[PDB]
Structure formats: structure tokens, C-alpha cells
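Undergrad: Spelled out from the first residue to the last, the chains are:
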Amino acid sequence: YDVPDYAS
Amino acid sequence: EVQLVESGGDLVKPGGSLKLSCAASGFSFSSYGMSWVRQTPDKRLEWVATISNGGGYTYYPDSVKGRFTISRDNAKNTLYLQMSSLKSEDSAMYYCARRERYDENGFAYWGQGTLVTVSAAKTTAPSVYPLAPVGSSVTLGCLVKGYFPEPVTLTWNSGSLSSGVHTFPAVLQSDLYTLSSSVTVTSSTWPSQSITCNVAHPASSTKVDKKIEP
Amino acid sequence: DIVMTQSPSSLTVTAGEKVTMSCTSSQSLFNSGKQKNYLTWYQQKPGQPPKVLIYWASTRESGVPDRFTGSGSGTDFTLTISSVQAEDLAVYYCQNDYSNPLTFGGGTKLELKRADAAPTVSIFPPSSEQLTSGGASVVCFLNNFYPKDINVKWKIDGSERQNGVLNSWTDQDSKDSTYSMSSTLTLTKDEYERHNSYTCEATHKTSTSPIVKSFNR
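Residue numbers (my numbering), protein chains in the order written: chain A, -8 to -1; chain B, -12 to 201; chain C, 95 to 311.
Okay, chain A solo, but in the shape it has when bound:
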């Protein structure tokens, strides 16, 4: 699973 950064 590969997630976006929270700050994006």
C-alpha cells in the first residue's frame, strides 16, 4: 500500500 504525504 503506498500513501500520499499528509502535508501534500
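Incorrect hints may appear among the rest.
Only some residues are given here: those of chain A computed to face chain C with a beta carbon under 10 Å [to be verified]:
#, residue
1, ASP(-4)
2, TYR(-3)
3, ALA(-2)
4, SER(-1)
Just so you know, these hints were derived from the structure itself, not from any lab. Even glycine gets a Cβ: it sits at the ideal position worked out from N, Cα and C.
Following the hints, complete the assembly by docking chains B and C onto the known chain A.
TA: Chains B and C alone, transformed into the frame defined by chain A:
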């Protein structure tokens, strides 16, 4: 104990490329995104790049796009940053910090840095100048002038004289440095006891020893 | 880009006192998914990377002292150290962890108070070694003073000289809470042989007039 250890930083001509690695141990690597923060000699911290725990999303500031690339190898547990089109303004210490996937809370784990100096000056050994003065104290100095790169290590009488010594932070001239130091001895100490400044510049394999005479 | 603005850049403390530093955002950092304002406070000591003291504007990291508090919301935030110790003289920065680019503040540096002390100003002619080479630096050390505010000024034959000087400064000495200054005027041998008096003059709070150090060539 999470462990991020950076590598790669060297002296690199304005223009050339450099790639720094950052080996991480002690957490499931694959689970976290990683970052590279940079701190300039004016002691200013700067975000440089973030990457996904998986690799597919990358994020840069307007100042790094096109010239740098954050990269990871989850099989080898390592981050990378390929840096190209290197500029002077880019000289700094490069840190990798891990992203808080779970708690979304600050950069909690930092590495110990790697320094990069983007510059084209030739390695120059300094000029070591003894500064004898023109009561209690007698202050003497030593001027180490015109060298590249940092550091030089300056000691007064090989680390035996080590009280009342002042070594000042070095400043960059037109691509060259200059630094000085002061020691305060007493009237009885000098000239009856010789004070000598010792200046080694590892980079030019220089080690000069300056007997400061009256 | 949210700019981070911290004032002050240097705060002078006394151990055991309460001290508060400010962090301002250009926009809000309140993240409504976590329901948290995503501001982080960091401390850094010379030689070290930074370390988290406070995250989510006010949650303290496991292991940070009770005296460190984060307070504030939206665009106006503060760090407060209830009673400062000397293990706290470090630089403090805030960081925008809310959206890219992530921005850190400028830092606030804790400097410790002590009693004023005027400078031991000392001036040295150019060594022979240097005059062998065609050049001539006149050095002037102004060691061991407090406060950091000092002005130093060169003079050749009575006129004020500006081009050719280099000054470095040191931080607060570990063992006496004091600063020290170097000032160098580099000349050529021709400019050197053309003059006689060389003055290194200094103004500092301690003294109503400058401390003049000088010599004839």
C-alpha cells in the same frame, strides 16, 4: 532505536552532480516515507524532498525541481538524493529524517548529517602569521590566512596551552578562508616560556609551527 | 507557502525564569482530518540535528521536561519554558508540518544573562612574514565582553577606514557567559608604508566613549 546514517557529501564544483545515501535501520522501512532537510551555514533549516513509503509520490520545493531526485531502495533499506546542476547557494549539511506515517507529527527521527560544499576553489594551504604585541596579561595572536577548504586546526603549544585561548570562526573571502586566534598568557610566562602556534591543514597535508617571537 | 515568523531571534534569560518565544504562520495550520494544528517545535544544540520538543502545537514528546509548553492556534503560536535551565540554552525553531513546502522558522536563540564587562582590546602590527609577501594585516582582538553589542572602527592617520576589514565573533563562552571579537584590516605593503598611526577603536555599553587601541608605524 531507529538509525538513519547519511553518506556521499564532498567538495563538488558549481555545476557537477552528487548522490548522498541514507541507510536506515530499526523500523519497517517500507512503512514510512523519508525526507532530506538541509541546513545552511547561516543556520537555517530547509525542507528539500519527501518520498512515499512506497516510492510512487515525490514532492519538491520550487528550488530543487529539475536539479534533485529523492529515490529509495526498500530492498537495501536506503534513501538517495541525486543532486545535479549544483549551485553555490546549495552548500550545506544534508540530513534525512523519517516521515510520521502513523502519527502525522513532526520530524521525529533525524540522521546525523553529511556536508556538501559546492565550490570550485583549489586546495590552498594557509599562511601562518605570528602576532607578537606592539602588566598582568600578555595577549598574542596567530593569523591563518588564505586556505581552502575547511578545516585547519590551530593549537598553542600543542594543546598544553589551553586556557585563555580564543579561536574565532573562519570567514570566506573570494573563495579563500581566513581565521585568527588569541591566547592570554602573563608577563612572566612570555618570553621566559615560548608560545608557538600549530596549524595543520589536513587537505594540503600542511602542518606549520609558528614561534611567536618578541 | 506558509512563512514561519518567530520573534525574537535571541532572547536573554536568567536560569530559573519564565520565558516565552512566538511563532506565527502566514495561513492556518489547523488540519481538520486529525483535528490538530500541525505545528512542531524543535530545539537544537550545536553539533546536533534538531529534536522535537512539542508537536500538534501543544503535545509534548515523551521525555521533554514539564517546563516546556506549546500553546496557540490557527496563525498565532508560542513556546513557553516555565523556568529555564542552562541545559536549555539552544536554538528553538517552529515548523509548518501542515502543507508543502514545509517551512521552518528562523530560530530564537537563548543567550544567558551575566554582568556587563567591557572588552580587553589589544592591537598587533603586521608580522615580517607578511610584509615579505607584499601585504599587511593589522589585527585587533577585543576579547571577553558582555553584551554582544559592540561597534569596532579602524582609522589610518586619523581618518576612518572602511574597506579591508574582517570581523569574526564567538558565541557565549561556556565558562563565563562572554563574547569575543576579531577585527583585521588587510592592506598592501605600499598602503602600509604610506601611513603611521593605526587605530582600532571600540564602542560598547560599558563605556561612554570608545576604548582606543593604536600604534605608530
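Undergrad: Look at each hint and say if it fits the structure.
TA: Okay, the hints, checked on the actual structure:
no. : hint    : result
1   : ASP(-4) : 7 Å, holds
2   : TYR(-3) : 8 Å, holds
3   : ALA(-2) : 5 Å, holds
4   : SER(-1) : 6 Å, holds
The structure shown violates none of the earlier numbered hints.
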